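Here's a solo chain for you in structure tokens, the form deposited without the partner chain.
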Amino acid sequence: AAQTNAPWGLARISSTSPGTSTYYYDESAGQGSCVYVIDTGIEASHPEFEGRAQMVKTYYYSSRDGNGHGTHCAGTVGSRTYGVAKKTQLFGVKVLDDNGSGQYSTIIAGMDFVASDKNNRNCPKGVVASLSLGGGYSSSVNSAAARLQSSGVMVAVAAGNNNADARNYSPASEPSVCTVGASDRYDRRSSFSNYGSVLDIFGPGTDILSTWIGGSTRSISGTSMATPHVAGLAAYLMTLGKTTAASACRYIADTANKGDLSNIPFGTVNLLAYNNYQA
């Protein structure tokens, strides 16, 4: 399939050079997979989700996304126009309040919920969890993420927007999960992107157009924006049978555009998420 005039990040992950405008992808588009978006919520009523999104859990008085951040992320995973896996099933776990904050205790609870709740859901091609969040290092938060990965979910986490080494942030610093840095449309490391040996992959994260609350759209920046590119790619490759949840992160790194990014500090991977689709 081809999405003409796709956002630049979608076009990026289906090309070998920067500067293209079409997103090539296999038409299965992640059908039969599920991605949990652990965030502020998802405006499931948005026409861009086509009823493929639903909230499944909240830790606040509302399940709605009064912020927009979760919706933007869920849109990059699997919205019809801005998403990588256009046929995927999106589940919403609201661990973050409407200001984008949440306690680690609540975030931990959210992850353990996903590890169990996937057994309530028909995801025959596998299960992914996108975690556009983080803070300072905590082993409890790291183990929470590693538990989720062990239960059989491909876990993708943001590296953080501090322009520092991700080893001092969680769940970014957990080795067994897929930690995602951010790049821009000219293959530069995003000025805010964390870096470090704990990174496994980069994804588009500067000026990313996606869904927003109120049935609208906007363009924002962050490793929070790169993470769902990888979450979506994961679900896309798992629908295709090319990898498993346990293997997806390493496979995406095996099959990435190598060496193409600029301002990668020495010791950080130079790997850019790539779907190697051959139309």
Second form
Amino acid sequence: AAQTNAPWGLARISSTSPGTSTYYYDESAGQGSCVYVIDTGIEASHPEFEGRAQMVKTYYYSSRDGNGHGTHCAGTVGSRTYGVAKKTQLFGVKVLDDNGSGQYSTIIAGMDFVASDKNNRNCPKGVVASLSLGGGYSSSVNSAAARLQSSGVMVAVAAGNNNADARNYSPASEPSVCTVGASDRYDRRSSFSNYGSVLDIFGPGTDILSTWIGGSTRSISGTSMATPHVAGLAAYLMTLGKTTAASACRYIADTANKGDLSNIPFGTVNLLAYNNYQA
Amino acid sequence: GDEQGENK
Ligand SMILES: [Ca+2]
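Take the protein just shown as the form deposited without the partner chain and give its structure as the form solved in complex with the partner chain.
Every chain and every other molecule in the complex is listed next, the one we just looked at coming first.
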């Protein structure tokens, strides 16, 4: 399948060169897989989700996404127009409030919830968790992310937006999960993106168009936008039977576009998420 | 935990 005039990020992950506008993908499109978006929630009613989205857990008075951040990331995972895996099932877990904030104990609870909840769901092709959040280093936050990954969920997490070494941030610094840096449309590391040896892979993160609350759309920037690209790609590749949850991150690095990115500090991987699609 | 909320 081909999506013409696609968002730049989608075109990029189906190409070996920047500057193209068509997203090429297999028509299976993540069907039979599930992605939990652990964030501010998801506006499940947005027409772009086609009824494939649902809220399963909230830690606040409402399950409603009153921010937009969660809806944006879920959109990049698997909305019709802006999504990598256009037929995946989306599950919303609201651990962040409508200001984009949450405490560590809640985020940990949300991760443990997903580890258990996936056992109640029909996800024959596998389970992915997308974590577009983080803060200062915490061993117990890192531990919860390791547990979720261990439980058989492919965990992808934002490197963070501090133009610093991601080793001082959590869950980004947990070696066992898939830590995602951001790139822009000219194959440069995003100016805000964290880096370092703990990074596994880069994804499109600058100027990413996706779903927003109120049934709208907008373009925003962040390693938060890069993460759902990788999480969506994992779901896609698991549906195609090319990899499993335990090995998806490694498989994504092995088959990545290598050496194409600029402004990568020495000691950071030069690897860009790539679907390796051939009609 | 303490990263993004609105800040550009
Ligand atoms: Ca890792």
